[PDB]
Structure formats: structure tokens, C-alpha cells
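Generate coordinates for the entire structure from the input sequences, incorporating the hints supplied.
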Amino acid sequence: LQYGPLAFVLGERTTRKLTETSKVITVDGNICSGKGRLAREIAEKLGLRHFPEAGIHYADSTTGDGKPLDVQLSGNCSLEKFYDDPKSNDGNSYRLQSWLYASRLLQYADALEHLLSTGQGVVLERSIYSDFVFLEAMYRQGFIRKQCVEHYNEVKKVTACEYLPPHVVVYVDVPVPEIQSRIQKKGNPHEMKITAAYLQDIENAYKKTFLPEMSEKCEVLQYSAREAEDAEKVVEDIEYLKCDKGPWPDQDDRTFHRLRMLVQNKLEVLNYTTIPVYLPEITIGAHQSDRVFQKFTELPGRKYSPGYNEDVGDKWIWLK
Amino acid sequence: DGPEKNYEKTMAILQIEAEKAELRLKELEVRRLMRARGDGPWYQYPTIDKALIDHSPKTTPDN
Amino acid sequence: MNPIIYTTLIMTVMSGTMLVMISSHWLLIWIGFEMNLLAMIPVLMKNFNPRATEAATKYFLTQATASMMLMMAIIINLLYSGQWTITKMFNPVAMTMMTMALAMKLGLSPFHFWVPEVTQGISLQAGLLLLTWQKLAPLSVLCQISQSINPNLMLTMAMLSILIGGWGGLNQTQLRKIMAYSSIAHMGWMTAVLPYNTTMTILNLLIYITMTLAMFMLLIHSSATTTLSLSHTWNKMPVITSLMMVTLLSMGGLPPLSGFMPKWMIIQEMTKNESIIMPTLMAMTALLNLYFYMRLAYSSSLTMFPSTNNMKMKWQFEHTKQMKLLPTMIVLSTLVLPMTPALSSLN
Amino acid sequence: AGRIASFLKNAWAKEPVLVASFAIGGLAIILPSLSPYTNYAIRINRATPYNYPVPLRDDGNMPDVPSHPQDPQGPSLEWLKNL
Amino acid sequence: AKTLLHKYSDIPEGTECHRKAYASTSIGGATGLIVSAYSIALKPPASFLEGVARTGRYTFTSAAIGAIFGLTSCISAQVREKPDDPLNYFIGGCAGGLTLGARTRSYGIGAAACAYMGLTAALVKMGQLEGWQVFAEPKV
Amino acid sequence: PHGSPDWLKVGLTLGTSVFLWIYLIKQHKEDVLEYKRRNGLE
Amino acid sequence: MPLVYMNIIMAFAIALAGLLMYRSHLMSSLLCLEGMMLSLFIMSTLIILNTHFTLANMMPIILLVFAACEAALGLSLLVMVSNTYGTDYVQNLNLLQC
Amino acid sequence: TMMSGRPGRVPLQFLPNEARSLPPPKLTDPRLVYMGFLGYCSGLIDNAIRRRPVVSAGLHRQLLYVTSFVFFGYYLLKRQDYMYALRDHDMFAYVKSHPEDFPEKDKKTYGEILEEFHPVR
Ligand SMILES: CCCCCCCCCCCCCCCCC[C@@H](O)O[C@H](CO[C@H](O)CCCCCCCCCCCCCCC)COP(=O)(O)OCC[N+](C)(C)C
Ligand SMILES: CCCCCCCC/C=C\CCCCCCCC(=O)O[C@H](COC(=O)CCCCCCC/C=C/CCCCCCCC)COP(=O)(O)OCCN
Ligand SMILES: Nc1ncnc2c1ncn2[C@@H]1O[C@H](COP(=O)(O)OP(=O)(O)O)[C@@H](O)[C@H]1O
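Chains as they are written, first to last, in the entry's author numbering: chain w, 36 to 355; chain a, 127 to 189; chain i, 1 to 347; chain U, 2 to 84; chain V, 2 to 141; chain f, 35 to 76; chain k, 1 to 98; chain g, 2 to 122.
No lab work stands behind these hints: they were computed from the structure.
There could be a bad hint or two in this list.
Stated by the list, open to error - Derived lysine to any residue pairs resembling SDA-like cross-links, with alpha carbons at most 25 Å apart: (1) i:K88 <-> k:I47; (2) g:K108 <-> a:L151; (3) a:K146 <-> V:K140.
Shown next as C-alpha cells:
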């Protein structure tokens, strides 16, 4: 019995499962920061569930086998090519940005579904909120055009007007020279090509816009590089603050039921990520779409429904 | 087969179609007359049932 | 809203329609219309937004005016003959006013202006319910008094409705407005045969309801509202586009598909009453409906429009909710021509 | 049994008005079907003459219909007088 | 109502040209008034004066078309000495279309109106001769 | 998802189909017997 | 048909024309609807009382009840419109168009 | 035709008692086979929409579709045949009861009938 209006009618009330410990938390930081390490510690200490940052092949992990598919069949973009050629002629920058934003939207929907179904809270890296800072960095550096940010804004507003912002925002602050040194120490051959201006734009786009917007409606915990190492103080700060300004207290059983119906059925979640606006960076010709879709169908467990694949090994096909 | 098969099959088919045509004409005429007059089972629009009338003294002699 | 409240409101709408259909008193019929209107409004406003509110208020104003006109007609009929039973109207003015009231309720032209806007403002689910279920009470009332309706008024209103639907469907791009104009044209077709044979009216109503239910369920399945959103569908579920194109061809009156059964039959009936010019005019007018259906089919299935990159992610997820009776609706709206004589069941 | 009594005791505190209203409503719903006087009320309503009693035409086969109001035949209102 | 149609139909086709012209002018004026009222209701241009100008021009155009059609048809019927001939109605319809084009001042509308109005008038005359029914009564 | 053949639904569907077919056969037999009785054929 | 019935139907027609004129102020439209309803109530009451149709005396009351309910419904919608626009002018409802 | 007001009609009976006086349709009726075909088409379309192996996804579901369609088709055919029998019975009874309106045509032979001949040249 999957969740539905009937289950809500009989027994399924999601306001009972919330026990003041849910507290959906997003840990946001600058490129190559210690936030990932910090997020893991918070989830371990508070008993929540940690969601690793959504990448190019995040959606491939949740459908069928967790093994990622080919780059052509999932994303059609690469981060290394963006680092090597930020001003690539074939519009790789926007395609990467949109695929990452939609992956983050899917991850947020999955996290909300888990929270509402189980009651155990979640910890996230950069969410759909704060993802616009990378777009601003790309635009100011000149990587993408203005129509690009207009389309991104349209998609973002349409998709995000239906989700609850996170309870707590945790920000790790690292100065630009320090993270440049960290990048040099990292050793990834593509990452030292990141210009200092790009990181400065990311940081000041974080500080000037995202932080006040989260502050006016949520709780903000700005942490420096040193003081973020001690997770005990972070957890104590998380417990001490009380959430009374966001929409979460105003939600009831009916609104929670509507949100739980929305977060599952991922097609509606991703419905507006493919609005019919034809930018050259994201649009695909008919022949290319046909060929790629045909190649996708030939994958082992993708021709039919999940339970109706003979080659994978599903049996009793003629009676399901 | 022989020609008699087709001959008699055609004769039977012709009889069937001629009967059907005559029946269709008769049906059209019957429908027209029945709607014009209203004395047949078809086109009998409902009227007020007379079993609803109360036949009792009505506190006034002149009904 | 709460699922229990939504179910209760739907039951109340159906109960109002049933009360209209099963009652023999004018006052009870008016009560059924009022109950239907009262419970139908929140269904339009299930997804709260300014467009839904404006559509709901337009619908309320139109329905309230129609109900008041209907009550005035009932009052005049009672005045000139002390009868409450729904039968011969016994008065020309009362019949004319009741015909206008039922035209307002149905959406026949020139009272058709509210249908496209109400359909556009409200959601697909609300629109589907409004387009098919609402027609049952006014059509039943019109069938019950078909022996008194003036042929001139009904025939001219039906002709105007067909013309207006055909002309207005050409311009629209949003699918909901196309469906509204399609409904207007189909009702113009269906009410033209009321004075002659109500069985043809019921048969056309059933066929139209099946076709529009199938098309709305297909539109809900592939969540598309504008034409381009529908053009994007072929990249994910080509079967849906193919079935939608077949249903669109059926809805245009193309034989041997099911949508040809009503028109043909209707024409036959009007030929029995020596009415020749009008069926020809309505056929040449339905050619316009066929044209914009064909344009939609060209946009949707017969050609492959450019896609979008993010659509790749939609390839990995399946439709979680499946609506039952969609295959049955498609089959009934496409391949039931050979069983045409079953209309003798007085359906 | 114990839970119902505990709930009634809880409701009788901090909410007496609702308990009294529900008790009175339930009593008003239930009692008339048990009272033996309701048939008496129906009979009293039936016995009130609002319209003129139109006499029947005699045909010689009406022994139960009195020929005069004083005659013993016909319904009697002694039960009402005794009430 | 139907009184104007009765006035037009009572006159014999081959006589009383002026009365036929007056009846056709009345019918055209009524149609022009109706279409002007609909245009005013659906599209209020700017004010009262523009509205009265628009209704006046529409009514005058329709009345002129009707008067020309009636006059030309009756004159052709008398001159040809052959009544009940749809050719006279065709000439009347084309003349009415020609005046419509002159009023709109473009040759394309004039020619199209001549063709599609002569055809309609001829069809109306044929229906009147053969008793074609537009709104047929429910026989069966 | 990870779904086995739901034997309850399969059993219900088979039972419904078999019951409907048996009922149809019995109804047809009774109808033909009643028609032959009424028309006095057998 | 006496002059009282003629005057009542004239009042109903005048109220209908006022409803269909639509200058502004949707509240005026609701007022016109309820004037039409009041005319209906008066006419029905006169007709029913004149002919001594006793069992039909129920009809006006019932009518009134239902109509009043509709009025309430209408008012609710009006309120929402204002809450979206700040005022109840009719010309503000132009988002949806043919 | 408007047999709705036909006297002695039960308001909500699918099949009146007198309809038992007619031969029931054979189980191998072509129309019943067509209803079975419609059911099979519905089953195939249901398999196609759900993204399942179209021919052999659910055999029980396809069987149920076919059986339901055949059931409804059988009963619908019975009702249709009864209604047509009623129409013919009313037609014949009315034509018998009104001999004046349906006079016997004076039978004529082609020998004594003059039909105009239009040559084709
Ligand atoms: C696509 C075509 C439409 C299909 C519609 C859906 C099919 C499924 C419906 C399931 C059965 C319908 C009715 C259920 C049976 C019990 C109800 C029964 O008692 O009703 C009787 C009546 O039965 C129904 O009317 C017949 C229903 C059959 C509809 C199918 C006819 C479609 C003809 C063309 C398509 C051929 C069939 C295609 C496959 C279904 C009573 O008639 P009556 O109260 O005395 O007269 C009322 C009508 N009046 C007022 C006008 C006189
Ligand atoms: C079947 C009979 C029904 C008809 C009779 C009654 C008609 C009119 C009375 C009812 C009117 C409407 C009642 C609405 C009920 C709302 C319940 C509610 O939500 O109130 C709860 C509180 O109410 C409750 O506690 C639950 C119900 C209370 C008791 C209900 C009835 C208990 C049992 C009644 C029968 C008693 C046993 C019979 C004894 C017979 C004598 C020996 C919330 O309290 P608030 O006022 O909102 O908070 C303000 C303070 N911050
Ligand atoms: N919208 C985006 N555009 C470009 N790159 C992105 C985007 N989102 C995430 N990334 C990439 O994801 C990588 C991991 O982010 P980061 O947290 O800084 O490193 P780490 O996971 O080691 O802590 C980074 O190299 C970053 O560039």
C-alpha cells in the first residue's frame, strides 16, 4: 500500500512522526571547503541522515542499479571541460549548471520525502537555494549570457515556489588565499585552473545575497575555518536555537500531506525543469534526441518498467 | 461451381434487399403518421396521472 | 483540501445531477441545479491561485444568472398553468426563457464566452469534470421537454455554436482553450438533433464524453498545457503521442473511427425530416475542428520537435500513478463503429 | 468500561457545557420512542375537529354509523375526559 | 420580427419596384442595427460619438446593399419579362456585392462580394421555387 | 520495484474471469431453454 | 393577468438589465442578483396564495433559503478577489481571455 | 421513434420479461467476437501504457478484459435485439390497425406502363 489519499484517510498522519529532531539542515560553503567533513559530523552526532552533495550522476544512483550511466546518456556535460575551457563554444557551462541544479532539486525532493515518511531529519550540502551563487559567478566572469540567467531564474522560481526552506543554514567561511592554497594542495589537475576572481565572485555572491535572504526567514550559523573544526560547539548551537520564524510551525497535517504527495512522484518534481524555452546551450535537435533516446532504451534495465525486465533476471513476467 | 449456385444466391439476396427496402419505407410512413396523430404506442408523451387526485369532502361543498 | 472533503463535494455534485435527472418537479430540479453549482465551486478552487479564483467567480456569475432565469421561467409556466410537473411548457415566453437558461448552463453560443476562460483558469482535473459531467443535467432537462422547444431557436443556436467553436479553435494555442472550443462545437452538433430524435442526442453525448475523457486523461498523463509542452512528449512516451493522435483523428469525425458514428447518424436523422441544407453546413463547419485537430497532431506526434537536455533525467523515472479506464476510454473512442446499431438500446 | 468512565469524568471537568448539551440531546432523541404517552398525543391530535363532519347517505347497511350524535355508536372521547 | 419578411414576400416579384426596394432597405437597416449593436457591446471604440458614427455607417452600408439588391433584382425581373428566374436574383446579389465593395473601397472585396452574394441570392430564389426548408419541422 | 507476483490479485482475477464465464454459459443455456419453451419448439 | 404581475415581471426585467449592464463594483452585480431573487419570491408568493394551492406554500421559503446560500457563496468569492487586488472592480478580472 | 412513453414499460428494466420470448444470440456471434477483440485491444493498450511487454505482460489482466467485454456485449446484444423486435411488432400492429392509411397497391405489369425513353447519343 503506497502512500495516497486513502492512507491519509485511514492512518497516515505525518505530524505525529515529527519529534523536534527533524530539523532539515543544509551545510553550505565555498569551493574546496571543510563543509563536507563538517556535514558528516553533524549528521553523525545528531542522529540524522547525511546526503552527499549531488553531482552529475546523482540521479543514476537512485534509479535501477546505482552504477552511473554514460555521460552522453546522463548530463551530456563534464566539470573538467568546464574548468579547462570555461568559455567553451558549445555551451558546456550552462548545461553543467542546469543539470546540477536539477539534480539538486531531485535530491531535495528525496530528502523531504524521507523526512516526511520516516520522521528522521536530513543533512544536506548546497541545496537548490545557494546554487544560484555559481550561476552569478559564471555570469559576472562572462562564461554565460544574460538570457542564460533569465532562463535559470524562471526555472528556479517555478520549481522552488513549492518547497519548505531548510530549518538551519550552516555556512563555513574560508578566505580566498587559504582556499587557493587548499586547491593547490589537493592535486586535482583541473582545479588549479580556477581563477581567484571566480572564487571571489562565489564568496561575495554568497555573502551579499544568499546569507541575508536566509537570515530574514531562518537561522544562520556563520563559522570560520577554525571554529568549524569543533563539531561539539556546532551541535550545541544547533540545539540551542529554536525555530519560530519559518513556515514550518505554520504547517499542518493537510499541508504536510500535500507536500508528501508532491515530493514523491518525481515526474512532477522535474516537470518544470524542461520548460519550452529554446536556448542554444540546452536545446537538442530532433535527430540527436531520437538517437540518444534509442541508445538509452537499449540499456539492460531500462526498456520496460523496473519489474518487467527479462534480461536483468526478473521472473514470472507473464503473471505480474 | 456451376452457374445455378450464383443464380439462386443472387435471387435470394435480391429478395432480402427488396423486403428490407419495403420495410424501411413502411417504417418511415408509420413513424410520420404516429407522430402526426399520436394514437400509437410511439410518441406517447406523459400526462398527469389521475391516481393522484383526492376524492374526499373538502371542507367546502363546491370543491 | 482534505481528501474526505473532496470526496464529499464530488458526491454532492453527483447527487445534485442525479436529483435533476430523477425528479418530476420543477422546484426539485431547480434545487438540484443549485446543489450542483454550490458544490462545484470548490472543485475549481482546489489549487488556489488568482486564475482559479477569477475562473470560479465567472462560472458562479454565469450559473447564478442561468438559475434565476430558469426559476423565472418556471414561475411563468406555473402562472399560465398551475402545473409543477416537467412536461409540455404550456407557454411560449416561459419556453423561450427556459431555453436561454439551459443554453447558459450548457454553454451554447452566444452564451459561450465563459467556457474558454473558465477552462483555461482551472486545472486539468477540474476542467475534465466541468467539461463532461456538467452537461448531463441540462441535456436531460432539454430532452424531457423536447416536444415543446421551438425548432427555430434551438437550431439557430446550434448552428451558431458550431460556427463559433470551429472558428475559435483555430487561433488558440493552449490545450485547455482548444478543448473548450471543441466542447462548444460538439454541443452545437448535439443540440441540433434534439427536436427530431433525443436518442441521437444521448448517443452523441456518450461518444463525446468518452472522447474528451480519453483526451483529458492523456493530457494529464503527459503533464502538458501548452502546445510546445505537448510537442516535448514524444521524447519520453511516444506511445502516448501516438494514442493521442489517433484519438484526435477520431474526434475530428474521420471514419472508420468512432467519432464518425454520431455525426453520420445525426445527419441521417435530419435527412428523415427533409432538412438538407443544415447538415451540409454543419459538416463543412466541422471541417474546421478537423483542421485544428490535425495541426495539433502535426505538432505532437507526426513530427519530432526539438527537445531539451534536462529531459534526459525524465527518462529514468516512471509514471507512479496510473489512471484506470484510460485504455478502455481510448478503445471505446476509437474502434466502436462496427457496433453502431447498438444505439437502438435507447442508450 | 474503565476508559469510557475515565473519559466521561475528564469531560465533566473543564467542559461541563458540552457534556450537558450532549446528554440533553441524546435524551431528547431517545426518550420519545419509549414514552407510552406519544400515542395519546397522536390520538388527541386526531380527535380535534377542524372540518365539518359530512354526513353519509343512509342505505340500511351502516350499523356502526350513528344516526344521531347522542346515539352510542361512533367514537367516544371519554378517554380524553379522564386524562 | 417576421413582419418585414412578410412585407417583402407579399409583393409580386415582377411589380412594384419601389415597394420592394423599401422592404429590402428596411431589412438591411434592421440587420445593420443588430450587427452594430453587437459590435458596440463587444468592442466599445472610444466614446459615444465614435459609437454612433460606427452604428450609422454600418446601418447605412447594410441599407444601401439591401436597396440596391432589391431594385436591381426587380428591374431585371421586369425587363427580362421572365419572373421566377434565379438569374435576376443573381444579378441583384452581384450588384449588392459591388456596392459593398464600393463602400469598403477595394476591388477584391467588391468582386468576392459580387460572387458570393449572387450565389447566395440565386440559392435563395431556387429554394423559394422548390420549397427548400432551412429550419425543417419535425415530421418523423 | 522489488516486487514478487502478487498471488492474491492473480487469484482474484482468475476467479473473477472463471466465475463470469461460468455465469455467462449458464445464462445462455437458461435463455435458450426458456425461448424453446415459450415458442413450443421442444 | 392583472397589473400587479406585470409590474413584478417588469421589476425582474429591470433587475436583470442592471445585472447585465456591469458598470463596476461586483457587489452591485450581487445586489442585482438578489433583487431578481426578491422579485421571484414576491411573484411566487402572490401566485401561490391567489390560487389557494396550500401545499405549495413551502415553495417560497425553500427558494429563499437556497438563494440566500448562493448569495453567501458569491460574497466569499468577492472577498477573495479583493484580497488579491485590493478592490472589487470588475475590470480587474481580465487575466483569462478568449 | 421515441418508445420511451410506450405503455406498460417498467421504468428501469434492462430486459423486460417478454424479451425472453426471443432467441438469445449465439455465443459464437460475430458481434460478440468483436467485443472480445475490443477487450484484447484494451489489454494490449494497457500493457503499452504501463511500459510492459505488450504481448505477454499480464495474461490474467488480458483475460479479465476479454471476459468483461464479452459479458457486456452479450447483454447489450440481447437488449438491442429486444428493442428491434419491439419496433417491428409495433410497426406491424399499427399497419394492421389502420388499413385506410396503407392501401393495397393496384399491382401493374411493365407491359401496360409507359416509361419515357431517353436515348444516349
Ligand atoms: C462508446 C459508446 C458509449 C459507451 C458507454 C459506457 C459503456 C459501459 C456502461 C455499463 C452499462 C450501462 C448501464 C448499466 C445497466 C443498468 C442500467 C439500466 O437499467 O438502464 C436502462 C437503459 O440502459 C441504457 O440506456 C443502455 C446502456 C448501453 C450504452 C451503449 C450504447 C452505445 C451505442 C454505440 C456504441 C456500441 C457499444 C460499444 C461498446 C460498449 C434503463 O432504461 P430506461 O430507464 O427505461 O430509459 C431511460 C432512457 N430514456 C429516458 C431516454 C428513455
Ligand atoms: C447524538 C446527539 C447529538 C445532538 C446533541 C448535541 C447538539 C448540540 C451540541 C453539540 C454542538 C456542537 C459540538 C461541537 C463539538 C466540538 C468538540 C471540540 O472540539 O471541543 C474540544 C473540547 O471538547 C472535548 O473535550 C471533547 C468533547 C467533550 C465531551 C463530548 C460528549 C461527552 C459524552 C456526552 C454524553 C455524556 C454521558 C451521558 C450521561 C447521562 C446522564 C447520566 C476543544 O476544546 P476548545 O473549546 O476548542 O478549547 C478551548 C480551551 N483552550
Ligand atoms: N553548479 C555547479 N557548477 C559548477 N561546479 C559545481 C557546481 N556544483 C558543484 N560543483 C562542483 O562540485 C565540486 C565539489 O564541491 P566542493 O564542496 O567545493 O569540494 P569537496 O566535495 O571536496 O568538499 C566542486 O569541484 C564544484 O566545482
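These are the hints, each one checked on the structure:
1. i:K88 <-> k:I47: holds (20 Å)
2. g:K108 <-> a:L151: Holds. g:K108 to a:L151 sits at ~18 Å (cutoff 25 Å).
3. a:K146 <-> V:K140: Holds: a:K146 and V:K140 sit about 22 Å apart, inside 25 Å.
Violated hints are absent here; each numbered hint is respected by the structure.
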